[PDB]
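Novice: Please build the complex by placing chain H on the supplied structure of chain L, with the hints as guidance.
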Amino acid sequence: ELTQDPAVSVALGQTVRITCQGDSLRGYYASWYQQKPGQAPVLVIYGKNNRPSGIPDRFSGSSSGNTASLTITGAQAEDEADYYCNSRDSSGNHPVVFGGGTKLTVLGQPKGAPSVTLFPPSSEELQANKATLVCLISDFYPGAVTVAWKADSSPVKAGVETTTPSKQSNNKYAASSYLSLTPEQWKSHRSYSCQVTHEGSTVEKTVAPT
Amino acid sequence: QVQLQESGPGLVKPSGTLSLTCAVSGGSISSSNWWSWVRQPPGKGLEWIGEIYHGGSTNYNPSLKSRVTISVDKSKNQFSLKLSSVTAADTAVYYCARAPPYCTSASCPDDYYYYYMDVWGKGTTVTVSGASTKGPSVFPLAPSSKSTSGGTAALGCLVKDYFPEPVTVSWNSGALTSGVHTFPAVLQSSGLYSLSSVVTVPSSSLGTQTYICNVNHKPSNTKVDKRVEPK
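Protein sequences, first through last, are from chains L and H.
Under the entry's author numbering, read the first sequence as residues 3 to 212, first letter to last.
Under the entry's author numbering, read the second sequence as residues 1 to 231, first letter to last.
Everything labelled a hint here was simulated from the structure, so no lab data went into it.
Wrong hints could be hidden among the right ones.
[Stated by the list, open to error] Straight-line alpha carbon distances no greater than 27 Å define the calculated DSS-like cross-link-like pairs of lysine-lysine that follow:
1) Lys159/L - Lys146/H
2) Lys38/L - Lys218/H
3) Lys207/L - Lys146/H
4) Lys189/L - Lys146/H
5) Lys44/H - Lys38/L
6) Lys226/H - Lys207/L
7) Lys122/H - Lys169/L
8) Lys169/L - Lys218/H
9) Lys44/H - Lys169/L
10) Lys189/L - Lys231/H
11) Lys122/H - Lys174/L
12) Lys134/H - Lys132/L
13) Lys146/H - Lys174/L
14) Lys218/H - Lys132/L
15) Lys152/L - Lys231/H
16) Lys122/H - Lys38/L
17) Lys132/L - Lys226/H
18) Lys50/L - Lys122/H
19) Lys226/H - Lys189/L
20) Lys44/H - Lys174/L
21) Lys132/L - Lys223/H
22) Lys44/H - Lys105/L
23) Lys82/H - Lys132/L
24) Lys146/H - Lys152/L
[To be verified] Derived Cβ-Cβ restraints for the label pairs, each shown as a range:
25) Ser204/H - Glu206/L: 23 to 31 Å
26) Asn172/L - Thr148/H: 17 to 25 Å
27) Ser31/H - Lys159/L: 54 to 62 Å
28) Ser149/H - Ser125/L: 20 to 28 Å
Just so you know, even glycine gets a beta-carbon here, dropped at the ideal spot from N, CA and C.
This is chain L alone, in the form it adopts within the complex:
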């Protein structure tokens, strides 16, 4: 139908070509769409090789026969995204067909240590007879992390919930971990800790009832 590579890498400042191949491209002027996590698609190329006003000149397109291509010259960090090609089929009433998508990884971006903020349960939640510790983790790269919790200096695994990392707008990653307690557990302890392990190093934050 309309096939493209699901995963393609390119180093910063270098050039990458993303190809789309299918019989519906013959005689057709393809269009291309960029999508970042948590956002709607954005048209980057239409009519084979035309750019909308807001799109940087390093984006360009071409096609011959059954194959179309999107080229990013000197790729920047903000080009990291999913790219979809688009055509209408030559049969029937010509329905719209999307390629399966290409995820563009841009290599050579700076690593980063996680930024960890730990909130105690709020006075309002405790008075609602619940208690949640909120450990917010941001600005780490690459996006692989593990989180452990401590009660005083003892491990606690009951009541832990932890998201998978998600890509931030600066291409770094974010995650969160919640510790559920009872109000009597929170107010009687000495402290609670969130330990965030990332690329061999660990950041631990501690809060106490006061």
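Specialist: Chain H in isolation, oriented as in the chain L frame:
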């Protein structure tokens, strides 16, 4: 300068009918444009649903043709989508979009009327589930000395126990966007979601400026404006 905004029900029961609206602003539906629908199942690619012209003509994806109806309303300046007999496969983000007049067939005298979608809505999340909808409990994440690091401080809002997705959060009714970070939700063991939203601010502004998080959970028609104050 067309802008598009989706509006739909959030949750739809199995075998029920999905109903969505797209409000058109900065432009008129009574113009040469193909008002269109596209969807995106969680973690997957994009799928064209159909398009409509203001006179009434439509074209649909042949795999949805038997279940989809697209309609236009010139007086309200909006178009709409109905998807019947919904199942779990129909859980997705639904975008409305705009395509200029096009001519892609080989019988076209002109070949420069390319087909593309230049204007997109923000999307609306539809979930197909027999479970019931539940609105969120919102709690403040107050700033203090143990959330201040130098000239920077963190404060936020906890949004607990809601279903289905999504919840969107803004700050001061949109008058604060620098430093705002809404984290992706966690799917708890109970089947409910929770997320947090945090804003980093200069620590000299603590107590001298008002911070209010605006939590919206459209699937349960619930909004909560929560005042966040220092400990």
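Novice: So which of those numbered hints doesn't the model satisfy?
Specialist: 23
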